[PDB]
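Fit chains N, E, R, A and I with the ligands to the given chain V structure using the hints.
Each chain is listed here by its residues.
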Amino acid sequence: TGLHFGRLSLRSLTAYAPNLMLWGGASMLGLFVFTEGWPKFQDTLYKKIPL
Amino acid sequence: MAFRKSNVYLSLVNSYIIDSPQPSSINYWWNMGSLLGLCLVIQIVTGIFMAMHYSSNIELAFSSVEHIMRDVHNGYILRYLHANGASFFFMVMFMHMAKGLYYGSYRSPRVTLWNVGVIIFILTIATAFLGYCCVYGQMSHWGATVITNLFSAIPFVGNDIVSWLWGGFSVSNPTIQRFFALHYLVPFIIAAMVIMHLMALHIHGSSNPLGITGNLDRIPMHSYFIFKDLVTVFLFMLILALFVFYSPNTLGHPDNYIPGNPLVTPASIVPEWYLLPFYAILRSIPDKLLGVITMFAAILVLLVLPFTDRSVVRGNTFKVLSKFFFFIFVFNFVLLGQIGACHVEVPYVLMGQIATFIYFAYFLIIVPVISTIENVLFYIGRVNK
Amino acid sequence: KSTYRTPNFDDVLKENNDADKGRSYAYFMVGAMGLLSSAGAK
Amino acid sequence: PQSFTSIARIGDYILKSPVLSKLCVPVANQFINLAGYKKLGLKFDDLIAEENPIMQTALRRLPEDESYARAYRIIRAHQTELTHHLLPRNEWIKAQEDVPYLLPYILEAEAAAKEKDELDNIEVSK
Amino acid sequence: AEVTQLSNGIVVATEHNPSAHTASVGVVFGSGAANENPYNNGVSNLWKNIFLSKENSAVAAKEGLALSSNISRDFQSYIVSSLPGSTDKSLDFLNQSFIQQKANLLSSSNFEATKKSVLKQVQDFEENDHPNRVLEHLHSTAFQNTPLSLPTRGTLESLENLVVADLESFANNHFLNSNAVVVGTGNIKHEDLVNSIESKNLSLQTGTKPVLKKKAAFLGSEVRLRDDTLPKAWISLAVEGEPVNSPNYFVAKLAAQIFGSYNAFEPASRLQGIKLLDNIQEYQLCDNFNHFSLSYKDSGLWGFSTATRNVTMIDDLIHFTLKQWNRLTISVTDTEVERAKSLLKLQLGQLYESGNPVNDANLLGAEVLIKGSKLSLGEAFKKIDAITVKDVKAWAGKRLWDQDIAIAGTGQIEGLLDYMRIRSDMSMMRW
Amino acid sequence: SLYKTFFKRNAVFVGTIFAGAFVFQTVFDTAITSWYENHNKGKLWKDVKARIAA
Ligand SMILES: CCCCCCCCCCC(=O)OC[C@H](COP(=O)(O)OC[C@H](O)COP(=O)(O)OC[C@@H](COC(=O)CC)OC(=O)CCC)OC(=O)CCCCCCCC
Ligand SMILES: CCCCCCCCCCCCCCCCCC(=O)OC[C@H](COP(=O)(O)OCCN)OC(=O)CCCCCCCCCCCCC
Ligand code: HEC
Ligand code: HEC
Ligand SMILES: COc1c(O)c(C)c(C/C=C(\C)CC/C=C(\C)CC/C=C(\C)CC/C=C(\C)CC/C=C(/C)CCC=C(C)C)c(O)c1OC
Ligand SMILES: CCCCCCCCCCCCCCC(=O)OCCCOP(=O)(O)OC[C@@H](O)COP(=O)(O)OCCCOC(C)=O
Ligand SMILES: CCCCCCCCCCCCCCC(=O)O[C@H](COC(=O)CCCCCCCCCCCC)COP(=O)(O)O
Ligand SMILES: CCCCCCCCCCCCCCCCCC(=O)O[C@H](COC(=O)CCCCCC)COP(=O)(O)OCCN
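Chains as they are written, first to last, in the deposited numbering: chain V, 11 to 61; chain N, 1 to 385; chain E, 31 to 72; chain R, 2 to 127; chain A, 27 to 457; chain I, 5 to 58.
Chain V extracted, bound-state conformation:
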């Protein structure tokens, strides 16, 4: 009847982690905004139809 804790709970960690993956996704969308115009990233950044 214990738990794996370090003041943060393992239940709490699995409760927040399906949102933390979306936080990583929105941060990658933020980098994809702020890093165009940089011609090194444009080897990857224009592929489908921004060209």
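It is possible that some hints are incorrect.
What the hints assert, rightly or not - Derived BS3-like pairs (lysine-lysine); straight-line CA-CA distance at most 25 Å:
(1) A:80 - A:128
(2) I:12 - A:349
(3) E:44 - A:239
(4) A:240 - E:51
(5) N:99 - R:39
(6) R:95 - N:385
(7) E:31 - A:240
(8) A:409 - R:127
(9) I:12 - A:419
Said to hold, decoys possible - Derived DEER-like restraints, expressed as beta-carbon distance ranges:
(10) E:45 - R:114: 55 to 63 Å
(11) A:253 - V:30: 41 to 49 Å
(12) R:114 - A:411: 32 to 40 Å
(13) V:35 - A:304: 29 to 37 Å
(14) N:28 - R:105: 36 to 44 Å
(15) R:28 - N:199: 43 to 51 Å
(16) A:291 - N:365: 45 to 53 Å
(17) N:125 - R:114: 38 to 46 Å
(18) N:125 - V:35: 34 to 42 Å
(19) V:57 - N:251: 52 to 60 Å
(20) V:35 - N:192: 30 to 38 Å
(21) A:411 - N:203: 47 to 55 Å
(22) A:291 - R:114: 19 to 27 Å
(23) R:113 - N:331: 39 to 47 Å
Simulated from the structure, these hints should not be mistaken for lab results.
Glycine is no exception: its CB is placed at the ideal position from the N, C-alpha and C atoms.
Just chains N, E, R, A and I with the ligands now, with coordinates in the frame of chain V:
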């Protein structure tokens, strides 16, 4: 109430340098903070009055420094105070951080104070490096080249970062001009971080060399620590006056009076004297990327310090083994500086690697293990069963 | 006049509240401002 | 950050073993009288840092007379460290007076906080 | 236990408790405070107090009959308690009190004395009972310009305009056949009560209470009754809750039960298993609070009322309470749900199965007026056992996560901030 | 409730903001360049390069 308490402006002067309750047992090692403040004011005032005569073009930098040292009235005083005071600024800052490590001022509730201190340390290293590159001597040019190629080690992005830093393709006129602008700028960020440092200090007060509370016997700031700081201010100005007026070019490197030549590489490229332990840490790793990561980790490992000190008493005053291994660490840091000043030769590579390992082992293995053993030894020394 | 008799708000209330419609329109407009602010900051 | 239950467990494992006690209790009290907190007129429970709420609790727990004695030992230690001298040999804390007086208050606050954290993170017996 | 029910136009619903020593018998009407226009407001309170009038209570007490009454938002009740051998006497008294005549209760002297007494009681409620008048203003501003906003107690400006004609008009429009349930709880049998009602006639009226034009609709608002000459700061705060006959009834009550109630002066109340207490006990933010899940016929309320003396840290109280409310949508644990199950079983069995028969009569009358039959407690415990964490998260996302709130406060509520920061604190911005 | 789950989490909200800002920068740059060239047809340098064919 009094006017120093009821006025809005003088209440800060009151609550910081007049009626601040200081612990009445602090020795002269709690004076390096006031000494760093005085030396920062020295650096800024000499920087302004010497940057009224400085032209930051790459073809006119070294000639303008020599114009300061020759044609400007008392300009040799300004430049010699400025360079030797930067050396004393790092020496007093090293002594201040050693006071922090020794007496346990990094521990709770002063973790915010320690982190703002590490931020001030990084910004000061940046300021000194930029101002040393503003001279544009031989060492200035080639040190700027080596540090920015170290920034080119970053994977998939780094070459464009370095072409952004240089403003060109090598260390040229835009590089020296932007280093002068940044070097004028970053000390005011250091002043703002110092004000934030004083706030994070003032919310809990200073420590004391015993590691117990000091809430019982407080004495005010005014006249007591004012005149104690005045004692060390006059001693600091005395030693600075010696190394300015009688032997000014001792701490510097004589290659910095050769003008900046991109074609001739020097026989031994060495930074100024205080960045040598970090240069040795970086030179000890046989990889560029891991070298840069290890050089920045050698400062972030000061941030991981309050979480590894498992000693239940504050400070190394009343502990034997922690005090011994502290002086092992201090003389190891001096040995890092002296390894870095040498060439890449047998056996200085192996000694640089061992010395870097003992640096990181002190911050990550030696402190928690020795603190745990010292705790258990304090317990079983006096508890009988 | 009692403190239980609320005064007239009927000229300025929505005729239909529908608490997903109003919050969706408000978040659409705030999101459009954040959109153009992200573009301008970039 | 040693969590006094842990240091008490290690120290009791050393003391209850005869070989380990016979080996490292002379090392222990040699470490104590080389530490030199006695010479300033202090006890070791006067030396534990008290700027965390569990030790602050264990200082509220303490009786009055021991609290006034602890306050006097702190003020005489600050004054003796200020003069850069030591207390005379008649005023040093002897070995019998170095009693772990604050240890049981600290240990009961440790057990209380540990039990609160465990009960704050329980499962249910399904 | 068992609840039976029969009909002849009236509805007879009982609870034969053979272990009890009394027997409550009374009529529970289906009109309440939510069936009044704002100009005859308080007429139900005035019927309560002419039924509990001195002459009527004296004639009741001659035979050993204690009277009781209750005015709620949905239901009135008029309960007569007696010994278990005097159920015929109680029925004949209730017959003579309402059905056979009302003019002797509605004489001039009795009506004027009762109007004076209720005007005194409403003024005493208005200027001395602070958390209840906060909750009444919370209803008056959550449901405003809508008949569920009217207070059960009535207002001083309306109640001094009532005359006997309004009492009789309300009686003719609301004391009807289909509107009423005659309730017998305690130590009486169902067959005895039905045979004794059929032994008499006891026909209240023809029937058909007027239908309200406007249904209840929640409206996020606030009202601030700031009085600086009071020692505390009372404040209620609620969202639109669940009405009765909703599938989210027990889920809304268990959500109220998760954060429970608290009293800062009781030692066993400071040690509860609520994660809000770790934030609330450090700087002593409040003296007490309670989370309520009020459920009416058309709508409901879910929120908390509180009182505090730390008038400079009211916003921290609201802040930590609402962040705990936001924990229901995102990350409520299993142990909090199990604890709320056990505590809600406990307080629900204390509420429905206390020893007092008049409270059983009020509850049974309300429930068989609204939903036609009383849900017994074993099926209620099965419905509480059927709730999972996903049900609570779905309900909190439907009703709590970024929904409008209604706020009422009095006392020293200057430390309470604007509406918009309290509204914007309903969603965390971190999820 | 049809769009509110698209606005409920703040993660997907700011992800929508950044994706739409990316698309807006690309489309708005291309559209304003095309309109500014169309409004000044016959004056830009590629027009004179096409006319002067020598
Ligand atoms: C290198 C360039 C740095 C430039 C910075 C300039 C300032 C240098 C600061 C050096 C320093 O702060 O060390 C402080 C160290 C500890 O001090 P303490 O409080 O434990 O001693 C109490 C004192 O008896 C009270 O005695 P009192 O307070 O009455 O006078 C003190 C002394 C002032 O001297 C100093 O401040 C340091 C030289 O007055 C004199 O009598 C001087 C006689 C000529 O003083 C000592 O007692 C020495 C212990 C060994 C330290 C060696 C340092 C090697 C790095
Ligand atoms: C990246 C992070 C930065 C790290 C910085 C690395 C260190 C930088 C070097 C700066 C030198 C600072 C020396 C250490 C400063 C703290 C020493 C100190 O606190 O002095 C007090 C110490 C013990 O005194 P107590 O406080 O314990 O006395 C209580 C009485 N019962 O008293 C003593 O034990 C004697 C102190 C003598 C100091 C010797 C200094 C040696 C300097 C190097 C010499 C190099 C040439 C070989
Ligand atoms: C204008 C404001 C200014 C400020 C503020 C300033 N400096 Fe400088 N500094 C200069 C100029 C100009 C030079 C180049 C001229 C010279 O070196 O004499 C310089 C050069 C230097 C040098 C190289 C000296 C040499 O000749 O080798 C160092 C080292 C240095 N600064 C460190 C610092 C430090 C450390 C600080 C403050 C924390 C600081 N400076 C603040 C203007 C400033
Ligand atoms: C990396 C560590 C560190 C650096 C670098 C640092 N500080 Fe501190 N400073 C501290 C700590 C820790 C304390 C408090 C230690 C204690 O009281 O036990 C402190 C205290 C002070 C004090 C109060 C007096 C004293 O000695 O405690 C002043 C003033 C001060 N710092 C100013 C500065 C200034 C100015 C700088 C440079 C611009 C600076 N500090 C750089 C960590 C640092
Ligand atoms: C813990 O207790 C304390 C404590 O609280 C404090 C505050 C201090 C004091 C510490 C400091 C004062 C350090 C803080 C340092 C700063 C805030 C730096 C401030 C310096 C500047 C902003 C630069 C100075 C700028 C000028 C003087 C402008 C004027 C300059 C020029 C060139 C104008 C000249 C032009 C013409 C035309 C004449 C302590 O020493 C101390 O320990 C006792
Ligand atoms: C020994 C050396 C002697 C040489 C003599 C020269 C030395 C001069 C040193 C002067 C030091 C003054 C700078 C300190 C400072 O700027 O800190 C201000 C922080 C105030 O915040 P606080 O400490 O929480 O005070 C309490 C405050 O919260 C009271 O709230 P409020 O009234 O809003 O105040 C906030 C001020 C905002 O300004 C800043 C900068 O923060
Ligand atoms: C911002 C720069 C920070 C530098 C850190 C300097 C820390 C020490 C500052 C010393 C200030 C002394 C004021 C004492 C005072 O006014 O006491 C006054 C009077 O004292 C004096 O007259 C002292 C004699 C004059 C000393 C002048 C020293 C000037 C050199 C300063 C060099 C550094 C700038 C109040 O003294 P009383 O309260 O005991 O009566
Ligand atoms: C580097 C500083 C960063 C920010 C930190 C703020 C700390 C600033 C420290 C300044 C200390 C010296 C300031 C002394 C000024 C006291 C005079 C005063 O307060 O009198 C004030 C009036 O001040 C002025 O008019 C001019 C002030 C300009 C100050 C420019 C330096 C008297 O006003 P009083 O407080 O009596 O209020 C009565 C309302 N009628």
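Practice task
Output the numbers, in ascending order, of every earlier hint that fails for this structure.
Solution key: none
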